[PDB]
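As you look at this complex, bear in mind that one protein chain is not there, while each of the others sits in place.
Chains: A, B, C, D, E, F, G and H, in written order; residue numbering restarts at 1 for each.
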Amino acid sequence: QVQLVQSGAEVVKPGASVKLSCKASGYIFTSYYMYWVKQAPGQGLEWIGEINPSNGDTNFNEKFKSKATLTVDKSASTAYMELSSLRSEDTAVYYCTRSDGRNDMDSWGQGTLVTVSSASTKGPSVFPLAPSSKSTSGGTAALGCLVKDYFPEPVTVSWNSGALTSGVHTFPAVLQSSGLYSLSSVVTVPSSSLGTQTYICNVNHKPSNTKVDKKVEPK
Amino acid sequence: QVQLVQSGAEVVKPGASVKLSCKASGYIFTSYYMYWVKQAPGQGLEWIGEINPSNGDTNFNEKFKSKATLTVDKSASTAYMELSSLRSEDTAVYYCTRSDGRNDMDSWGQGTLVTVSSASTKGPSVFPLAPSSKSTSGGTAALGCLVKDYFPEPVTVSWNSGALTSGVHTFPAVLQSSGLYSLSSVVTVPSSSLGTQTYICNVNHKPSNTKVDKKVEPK
Amino acid sequence: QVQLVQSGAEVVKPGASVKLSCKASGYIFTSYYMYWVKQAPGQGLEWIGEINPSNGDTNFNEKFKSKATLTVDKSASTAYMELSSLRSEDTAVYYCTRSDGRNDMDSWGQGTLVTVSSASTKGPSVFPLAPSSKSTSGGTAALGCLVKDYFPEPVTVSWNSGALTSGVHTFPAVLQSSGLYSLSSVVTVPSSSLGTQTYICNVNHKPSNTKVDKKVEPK
Amino acid sequence: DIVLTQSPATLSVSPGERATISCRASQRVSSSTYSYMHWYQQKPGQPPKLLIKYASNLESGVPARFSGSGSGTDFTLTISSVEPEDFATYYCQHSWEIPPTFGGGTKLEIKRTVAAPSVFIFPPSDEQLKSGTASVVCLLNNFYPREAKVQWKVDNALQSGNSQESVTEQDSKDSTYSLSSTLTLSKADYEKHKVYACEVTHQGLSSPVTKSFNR
Amino acid sequence: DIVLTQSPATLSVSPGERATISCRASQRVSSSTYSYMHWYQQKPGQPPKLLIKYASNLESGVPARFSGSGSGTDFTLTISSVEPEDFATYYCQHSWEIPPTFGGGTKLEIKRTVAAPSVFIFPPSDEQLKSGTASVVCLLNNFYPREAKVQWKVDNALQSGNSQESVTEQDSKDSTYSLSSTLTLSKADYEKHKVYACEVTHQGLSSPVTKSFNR
Amino acid sequence: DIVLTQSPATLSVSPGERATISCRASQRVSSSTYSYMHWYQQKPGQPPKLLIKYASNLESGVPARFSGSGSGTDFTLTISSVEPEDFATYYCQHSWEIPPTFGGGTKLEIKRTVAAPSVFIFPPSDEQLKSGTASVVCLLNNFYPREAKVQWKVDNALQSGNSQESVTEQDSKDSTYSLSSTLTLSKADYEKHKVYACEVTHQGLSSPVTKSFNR
Amino acid sequence: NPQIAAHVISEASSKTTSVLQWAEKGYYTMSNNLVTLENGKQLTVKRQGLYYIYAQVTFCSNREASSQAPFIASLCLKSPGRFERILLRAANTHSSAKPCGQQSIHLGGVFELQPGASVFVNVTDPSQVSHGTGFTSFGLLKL
Amino acid sequence: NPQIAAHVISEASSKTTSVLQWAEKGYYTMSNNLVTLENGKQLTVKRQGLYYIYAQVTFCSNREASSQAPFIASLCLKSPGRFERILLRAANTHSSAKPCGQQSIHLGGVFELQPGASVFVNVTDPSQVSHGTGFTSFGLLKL
Partner (left out) sequence: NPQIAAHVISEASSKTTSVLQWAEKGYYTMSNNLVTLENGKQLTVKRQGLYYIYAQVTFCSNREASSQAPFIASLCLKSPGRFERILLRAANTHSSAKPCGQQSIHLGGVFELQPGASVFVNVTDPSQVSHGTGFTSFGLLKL
């Protein structure tokens, strides 16, 4: 199988520099130009540059001539990207991909999430988004947790330690101003339930060992 | 006098490699492209390649790009050819010659006999080719020696240690299958002679210290 | 102020070699091709060559390809010219000058007087050029000193240690055959003066410490 | 740089429905023998997968429904009859020069009948106010299409400075969206007003449903 | 590669006879001012000697009889009146491109009236059979021209597998050839048959002279 | 090499007088937008100072009187009204190719009415004869123009071998020349003759003034 | 009247040949079918004639890397019913510049082509010619 | 009938650009106003068409001196109403030769120009291209 295995995700403070690696396999390394594509949150697919691995020879998208530094270890069948002087808008997923004759790009690495921020690891804050007449359309009631200010992603959220998995809609994180993320996990249950039934959300922020179990109650 | 003096003959087993030399003189060495020509038994004149001696620069006949390696010692006003991985069809005489503006080839070295075979030095075998009714046309009788299987050339053959030099026809050697050569030296004498006259052939195979004196008698 | 300061004057025996320098300043050194111009006694302005100082790169006027050697010390913002195997006709003033886009030559060093002769330092000889009927047109008499055979220039000449500076015409030196120079300093005074007035010329040949005070008298 | 413009940005088709996206070069990128256009499909979380190269040849492995045509500046990519797996987002991309550049993308959404959203407004967790921050979350559950305006209004003062929306991918069950608009004031500002209201506009809704509450 | 074909392959001339050989390029090798053809004569045992360069100019030292002409693809070399020393073999060779290539050669043989050969057949030296090898030599003495067929026949079985011929250069006395065809059987095979016979055909002979013998 | 010929060689103008020198290229040196000609003035003892570049643009700092025109092979440089500082010698020089080359130069002399020279002849300093050398100096004082023939004649024998002239720059007072011709004999030759005479010709002199003396 | 010319752009390729590929993309030239780029390997002409033929080739390599011998490039012609043949050839010696140091090569020359004629650039190691925009091109124009 | 061609000579310049200057001096060529050398920076054409474009550039430098990366030269085209663009480019790796070692560069190629089109040679460090007579030139001819 022809495969490209990119390196682990990286969290780095602005101005720093990171060196992404990509290990090809399943084909003759030097016979393909290895490209690099950046895709930023919501932002599209952008071509950074190209490197012939046989050569060491490169070619960049002017728009990135400064940020990147393509290089390869012919022996280890591996390419490497070095982004430097990272601003905040440098955050995204960097893909290494095999160009087929420098035209169709036919195989891609998993991708590498390079997130550059000044913030520093931190658990989230959880807040009940408790049911109330103001959140009870018809026979159904809405309720859930607000997992505020943590960093970096991901904060996994579960309800009633697994049992409750119906009606849950746990939203995608959204970098609020300041430097931390804030997502809200919500679930709709029958109103008539709030009485005989209890509910707890289980926020877990491994990147900080953080873990909380907010018992959402109908305040 | 403008002259080129090639090196001594070389006998080598297949697969080996030999390095021919050619020492020019009588002219400005660097001002003439030195060529190299191969001429194989019966086979024609073949141009191997050229070398500018001032340069080191070379040019080969594709047909030989593999076999040869032209080089020169500007100082010693000498050129060298290195044939490698010698097959049997590599046997021939290698000439070094001065090209005049790389057009007419106006001066040649003696030539070098490169003979490549698995056979190994050996004296010949001699056999009378005795007169008989079957070899007596009219008043004359034919008779001579058969110098079989020896290597490498040459096997010189003489009659009655010199005295007999009339009517002798000593044939050119012919590499029979197997690896050795076999020539026959013959002489026609008056039939009426076989009685009062005696005849002896003197094969001499220096390359083996070999020497035989076959008294050909009319068996 | 953009300026170029050439080196001291040089007196050298034929065949020798001299190395002229020129120190620019007042502008970016490497952004101007530095030329070199020779101008010989009476002889005109001749371009010797050019050097890009950023480069080291040069370009000579064929007519001088042999005599000159342009070179520069980017760091010391300085150029150098080395004239070698000096013949006598090599004597003249060598100017270093900044070319403006290699077209108009817009700034020049003081100039360097390279005088190449076999002669050797020596004081002059002084001779009265005394008034006589043969030198007394009308009411006026002519008289002066002949400062003969000295080397190298300059021989300064003054009258009555300064006081006398009217009517003096001290001629330019002229390299007579042989190797030395010979100039004559003259002055016209009223004839009627010769009696009540005295006159002395003051030859001073620093290059030899020489100094003489010839009292010109009407012999 | 050449600029490719895809369209529609969202194509909502049902499985069994045929779908064809179109791409667009700011200049011709097809010469006398080939058109230097390629298409990729990309799933959430994953990198693009090559489907068609040089405008019309299926990459190896791509299923036959996938096909593509075009030339010069316009190209299309079309699945003959959509299959669940096919739902994804597609990019067309050239290779006419350096730098290669990708199209905007087209999401191949799942058609499904409209559905009005059910909104619910949550006021500041008392516990969260004990932290100087007051953020009010409004929530539109299980709606479709995805187009949904959600304006905020504090004490009749039409918010407009800062609020943050976040959405979910079509539901694996009803193929419907759910968005979450979160107004966020300073405990101060919050304690400073009476009525907070998130007002949502959406095709389903016969008209703008407002959802308010007072401290 | 350019291919030069000379002709005749053998030119038999007599001293005092004028001879002219011709060469042939598989393509033109003469342009607007020069023809890149040269001729060499080569004696047995020695390397070529340059006679004429650029189709028509005598090399320095070559005697005036030697001359040459031609252009494009056909060239000639001609001695104005053959002299003993001139008998040799001649090659034409270009220099139009790499690799320079030589013509097949033309032997400048000595004309002399036909002469039938006198054949003689020698059967296996008893001493040589004491070695497991039996070789029978047949000999055509002093004949001319050099064209001479010599078929072998064992027990009426027309040999055809293996026999080896060797020849001599024109005799220094009569300018005539002498060839030696040597059939060679295994002591076994030899002892296996009765009559061995070499049959020679040649202009001189009014007819095929056969020479046989029986063990 | 291109050859520039200036003219006049000497231009005698008075302050307040307008003067225009002209240069000449052995070939055009002006192409479609520029003329690669430049002018320099050069004072005694000093190096050239750029006045005009590209035939017609004043170098920075050059005063506006200075101006220049022309194209192809002919160019001029002209001071609108000469000022004392202006008197010098001017060179035109191209930059059409390597090597740039200068014109012969033109001296911008000071006009001033003619003035006959007053000659004076000095015979061998007795003290100088005590050195084997006898050199006789002839002197033309304060004359103008600068053109002045000065032939030497020993014992009626019109000298012609060796004598050396030296001149002075226009006087700072009367703007007039003064030259010094120095015949030089060997104490021997000198003592060998009777009359030595330097004869000068010049516009001023209604006729050749001879000045002689006898040992 | 009909101008025949062609400028084609270098194109890297996994294929195995020392013969370079070319693509009719970027700012290229192909005045008409009187000249045609086939197989992405050669340019073929339908009209006999004189033509000015060229190929610009820059490559990036190392002294010791491939080291070996130089990097020669050759403009080859293949006329109908004739064996191949070389028209021009340029050759440099690998620089040291790590990872690789680029070097350019240029060859033109007027030739007469037989109708059906076709040319192709061939180099010693295509795995290292440079393909950055504007680096390696190939083309011909008829007089 | 009207031949349009132009050969201009390299001209050193104190200005600050990587774009090289050219002068209509020495043994140059400028067939007419159908081609004009403006700003001493580029050659502009008034007639649409195919043109053979070239620039010969030799320079003098050092390995470590500027060292850095190679010396790339580029033939640029600027057509009306279009952003610039690169047509060709050559690039060598600084020699060691002290003070500097010259090296030459050459790029042609046939292109079709829009009327009003205009081209310019641009290099990495003009401070070191060579200007001795005959070394650096630039020019174009229309077919």
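Please note the rule applied: contacts are C-beta pairs under 8 Å (C-beta built on N, C-alpha and C of every residue); 3 or more make two chains touch, one makes a residue touch a chain.
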item	value
Listed residues G:9, G:105, G:123 or G:129, member touching the removed chain	G:105
Selected residue (touches chain absent from view) among H:71, H:120 or H:135	H:135
Option touching the unshown chain, where B:14, B:26, B:101 or B:190 are the choices	B:101
Contact footprint on subunit G, counting only the chain that is left out	50, 52, 70, 72, 74-75, 77, 85-93, 105-112, 143
Residue ranges of subunit B at the interface with the undisplayed chain	28, 30-33, 52, 54-57, 59, 71-72, 100-102
Sites on subunit E contacted by the missing partner chain, in the whole complex	29, 31-34, 36, 95-98
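The rule we apply is simple: only the chains that are shown with their structure count from here on.
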item	value
Subunit A and subunit E, separation of their C-alpha mean positions in angstrom	89
Gap in Å, rounded to a whole number, between the CA centres of subunit B and subunit A	83
Averaged-CA centre spacing for the pair subunit H and subunit C, given as whole angstrom	46
Residues of subunit C touching at least two other chains	59, 100, 102
Multi-chain contact residues (two or more partners), subunit F	36, 95, 98
